[PDB]
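Colleague: Here's the letter readout for the chains.
There are 2 protein chains.
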Amino acid sequence: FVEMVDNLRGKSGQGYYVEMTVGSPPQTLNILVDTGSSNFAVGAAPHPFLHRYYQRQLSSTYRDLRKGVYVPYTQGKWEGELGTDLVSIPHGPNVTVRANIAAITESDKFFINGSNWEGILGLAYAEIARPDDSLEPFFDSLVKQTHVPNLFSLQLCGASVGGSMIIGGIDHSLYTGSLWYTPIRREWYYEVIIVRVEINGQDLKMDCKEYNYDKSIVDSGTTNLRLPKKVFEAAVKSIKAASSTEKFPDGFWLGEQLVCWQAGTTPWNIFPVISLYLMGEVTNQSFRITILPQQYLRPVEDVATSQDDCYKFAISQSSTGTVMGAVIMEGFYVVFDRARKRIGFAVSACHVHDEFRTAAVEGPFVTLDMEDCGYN
Amino acid sequence: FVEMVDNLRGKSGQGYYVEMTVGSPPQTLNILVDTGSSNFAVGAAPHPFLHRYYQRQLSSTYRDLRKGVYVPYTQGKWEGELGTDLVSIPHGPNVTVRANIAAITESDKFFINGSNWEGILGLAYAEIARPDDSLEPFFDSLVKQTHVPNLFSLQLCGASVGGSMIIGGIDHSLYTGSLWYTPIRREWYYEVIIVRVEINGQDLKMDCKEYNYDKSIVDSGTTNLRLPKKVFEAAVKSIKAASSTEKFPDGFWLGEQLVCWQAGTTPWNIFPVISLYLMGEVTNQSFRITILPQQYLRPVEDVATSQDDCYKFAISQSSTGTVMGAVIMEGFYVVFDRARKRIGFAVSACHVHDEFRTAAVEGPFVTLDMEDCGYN
Ligand SMILES: COc1cccc(-c2cccc([C@]3(C)CC(=O)N(C)C(N)=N3)c2)c1
Ligand SMILES: COc1cccc(-c2cccc([C@]3(C)CC(=O)N(C)C(N)=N3)c2)c1
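Chains A and A' are the protein sequences, given in the same order. A prime marks a further copy of an entry chain. The first sequence maps to residues -1 to 157, 169 to 385 in the entry's author numbering. The second sequence maps to residues -1 to 157, 169 to 385 in the entry's author numbering.
To be clear, the hints were calculated from the coordinates, so they are not data collected in a lab. Cβ coordinates follow ideal geometry from the N, Cα and C atoms, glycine included. Some hints here could point you the wrong way.
As the list claims (entries may be wrong) - Think about it this way: if two alpha-carbon atoms lie no more than 27 Å apart in a straight line, the pair counts; the simulated DSS-like pairs of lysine-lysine are:
| hint | chain 1 | residue 1 | chain 2 | residue 2 |
| --- | --- | --- | --- | --- |
| 1 | A | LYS75 | A | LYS65 |
| 2 | A' | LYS256 | A | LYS218 |
| 3 | A | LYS249 | A' | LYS214 |
| 4 | A | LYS214 | A' | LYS256 |
| 5 | A' | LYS218 | A' | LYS256 |
| 6 | A' | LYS218 | A | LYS214 |
| 7 | A | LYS239 | A' | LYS218 |
| 8 | A | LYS249 | A' | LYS75 |
| 9 | A' | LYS246 | A | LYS107 |
| 10 | A | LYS239 | A' | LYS75 |
| 11 | A | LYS246 | A' | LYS246 |
| 12 | A | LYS224 | A' | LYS214 |
| 13 | A | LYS75 | A | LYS224 |
| 14 | A | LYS224 | A | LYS246 |
| 15 | A' | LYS224 | A | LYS239 |
| 16 | A | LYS218 | A' | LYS75 |
| 17 | A | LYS224 | A' | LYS249 |
| 18 | A' | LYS256 | A | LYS75 |
| 19 | A | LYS256 | A' | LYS224 |
| 20 | A' | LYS65 | A | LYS224 |
| 21 | A' | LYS218 | A | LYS75 |
| 22 | A | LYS224 | A' | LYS256 |
| 23 | A' | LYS246 | A | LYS239 |
| 24 | A | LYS239 | A' | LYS239 |
| 25 | A' | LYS224 | A' | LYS256 |
| 26 | A | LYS246 | A' | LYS256 |
| 27 | A' | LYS239 | A' | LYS256 |
| 28 | A | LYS75 | A' | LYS142 |
| 29 | A | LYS218 | A | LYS350 |
| 30 | A | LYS214 | A' | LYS65 |
Unchecked claim - To give an idea of the chain A side of the interface with chain A' (calculated C-beta under 10 Å), a few residues:
| hint | residue |
| --- | --- |
| 31 | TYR71 |
| 32 | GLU79 |
| 33 | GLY81 |
| 34 | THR82 |
| 35 | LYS107 |
| 36 | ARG128 |
| 37 | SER132 |
| 38 | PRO308 |
| 39 | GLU310 |
| 40 | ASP318 |
Isolated chain A (complex conformation):
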């Protein structure tokens, strides 16, 4: 696994990507690692933002599936042509596989101008694969055609930024202390159940069933930690009041303006550590992950309307549930243990850390009626 270490580039703002090769002979592309979707879609036409794109004409091994896909988002969309071809991951396992590729032929607000990636690798499960759950995801093909074990792990770092995708197992050099595991509630998204939240050290006497309304998921393709309204509403109230040494703008919390200081002058300690307790592997047992304010206030880089230490509030609202984005994942080594229906967390050997507090994964804790926190 020394080969796979540090095989990711990019930020949480713009995503993390791994180099991939597609077709015979190998076309090299930079592809977003996205645990929030299940399609392997690559740009296959010269959209002007793209550095590279998939040229099927040049591949011995491509096969058209004579079938198209349309994938709308909030303001976004992409659209392509389903086929299959030979995929390999240079700095991954030393195998090669026949995976589905959606050749993106049209898109709106999908690719980022000035980004350095050209497709997405949806690592989530069949059930949310477009167009339907028979479009077998990449990772399933990988395990299903090779001797690669059914799990991968992710260490996302970054102050641009880097990280590691260890396909097939775990690499002990990427975390400290112990890995704790929460169940994958169902294999569609990487859905997990949050059972209690705390800010700094004090919870939120909130029906935990809210924390997971209607969903809680782990998504390397979402930037923020994203909370539902009631919990966000509740959350911010408590972070806001906690963080009243100083008075910041009332719309900033809603991510409608950003906030700024200068070099050195970022007020670390006015801000609370935040703690999510996740359902554990055993009845009535949980564990917790604790994020520093480094994680939920992320530098907004080159705003030319300043030369200051600006930051956006990396927590936000959701109609679709909790989303533990790259802001949360940057603190931890996250193991996606598809073989045992569980996701493991450990302190990342690369989390940004002051000489004061830290990120933490701790347990066990005793929590009753955890199964009641999942929405049905």
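With the hints as your guide, set chain A' with the ligands onto chain A.
Modeller: Same frame as chain A, now just chain A' with the ligands:
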């Protein structure tokens, strides 16, 4: 007002715009009519998607305000340089005014590739103007510097598509029957209070306070009718079950895949009319607006992965409240009566109508405790 009739172009998918002129001599630009924001922002650099952009260097009358703006959205952002200049609306009032312009110098996922507009005219109020409520919105400058009365009205049409912005008053040729008025609850967004909802004819025994959690607004710059989760959840359940002659995809309702038939074969009548009751002008009195399925199922045009009559579900979820978008507004002539803190609705003389049902604005109805439907 014969001059202002039909001075809007575009769709609900891509927005409606009015021709404007800025600077001396007049630079012509196509600008989005957006009642969901309060900034007049125009593209002022040669972003490649843009047909035209504001060239300050060429204006006698421009004045720099030596101050910048940054405006983030969900995935989106823009950023510019505050100044003021001379603005006129060719097919508007025969005046000219000194308004604030944000010259957009940088943006991500803001402009649409293949769109024909180049800025936005935020018609909402100071309170949500970025950076703060002292950046006086266009319309306030308009009324405040001319004899133009403090109201405008909008007729949005469309099967591309058209419409009319009547600045300064009402034009009786754009609606049928009577105008009914709901209070502007507060002057930030165009916030209104929904007090009951019905599908086909049957309500939703839902605490009306949900319908407005935390906000209900009228937004010509939002495409969908957008409902909060509980109400959307509730809503769809009732539209879904109502519309079970046929079985459509389970993810389509969430706007994650679109749905299709062919010429002639759109099943009109399986789908219910929807009714929103809005708080009226008098204690315990309301009125209602009724939308046909034409309105909430909008053609998705050139999907090349078909030659069928496709449609997206024009209703969706929200962390930020109800939003009555261009899907709702297409049915009605909407009067923004800033002078009397109220918004008027009437059947649009241009709503798309089958030889069966219709859009409707009706009243009065007796509804108790309407003031309790507003979130505080
Ligand atoms: C940190 O990761 C990202 C940063 C910016 C954008 C994206 C991204 C771009 C395009 C599509 C996706 C998507 C496939 C769809 C989506 O909205 N989510 C939340 C997701 N998981 N992946 C992400 C990821
Ligand atoms: C039908 O109107 C539109 C269709 C597509 C896009 C837009 C649009 C594009 C860019 C910004 C806006 C914005 C300023 C921000 C926003 O998200 N909303 C909801 C809004 N009212 N206007 C709209 C409007």
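Colleague: A separate judgement is required for each hint: does it hold in the structure or not?
Modeller: Hints, one by one, checked against the model:
1. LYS75/A with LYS65/A: 17 Å, holds
2. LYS256/A' with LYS218/A: The given pair, whose Cα atoms are some 31 Å apart, is violated under the 27 Å limit.
3. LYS249/A with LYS214/A': This hinted pair is violated, its Cα atoms lying about 35 Å apart.
4. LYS214/A with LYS256/A': 41 Å, violated
5. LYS218/A' with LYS256/A': 32 Å, violated
6. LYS218/A' with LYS214/A: With a Cα-Cα distance of about 23 Å, the restraint between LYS218/A' and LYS214/A holds, given a limit of 27 Å.
7. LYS239/A with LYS218/A': Distance of about 14 Å is within 27 Å: holds.
8. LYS249/A with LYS75/A': 24 Å, holds
9. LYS246/A' with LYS107/A: 30 Å, violated
10. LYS239/A with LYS75/A': 26 Å, holds
11. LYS246/A with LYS246/A': 33 Å, violated
12. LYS224/A with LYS214/A': Within the cut-off at roughly 25 Å; holds.
13. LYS75/A with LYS224/A: Holds, at roughly 23 Å.
14. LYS224/A with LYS246/A: 22 Å, holds
15. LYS224/A' with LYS239/A: 14 Å, holds
16. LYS218/A with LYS75/A': Since the Cα atoms of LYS218/A and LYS75/A' sit roughly 33 Å apart, the hinted pair is violated (cutoff 27 Å).
17. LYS224/A with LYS249/A': 21 Å, holds
18. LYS256/A' with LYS75/A: 24 Å, holds
19. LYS256/A with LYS224/A': Distance of about 25 Å is within 27 Å: holds.
20. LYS65/A' with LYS224/A: Given pair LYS65/A', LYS224/A is violated - Cα atoms ~42 Å apart, limit 27 Å.
21. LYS218/A' with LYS75/A: Measuring from Cα to Cα gives roughly 33 Å; hence the hint is violated.
22. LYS224/A with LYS256/A': Within the cut-off at roughly 25 Å; holds.
23. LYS246/A' with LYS239/A: 22 Å, holds
24. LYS239/A with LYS239/A': 12 Å, holds
25. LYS224/A' with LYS256/A': Violated, at about 33 Å.
26. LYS246/A with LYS256/A': 43 Å, violated
27. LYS239/A' with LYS256/A': 23 Å, holds
28. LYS75/A with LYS142/A': 42 Å, violated
29. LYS218/A with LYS350/A: 21 Å, holds
30. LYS214/A with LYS65/A': 44 Å, violated
31. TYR71: 8 Å, holds
32. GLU79: Since the shortest Cβ distance to chain A' is 8 Å, the answer is holds.
33. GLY81: 14 Å, violated
34. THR82: 18 Å, violated
35. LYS107: 5 Å, holds
36. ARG128: 6 Å, holds
37. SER132: 14 Å, violated
38. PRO308: Hint on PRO308/A: violated, closest Cβ of chain A' at ~14 Å, above 10 Å.
39. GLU310: Given a least distance of 12 Å, the restraint on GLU310/A is violated.
40. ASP318: 14 Å, violated
Checked against the numbered hints listed earlier, the structure breaks hints 2, 3, 4, 5, 9, 11, 16, 20, 21, 25, 26, 28, 30, 33, 34, 37, 38, 39 and 40; every other hint is satisfied.
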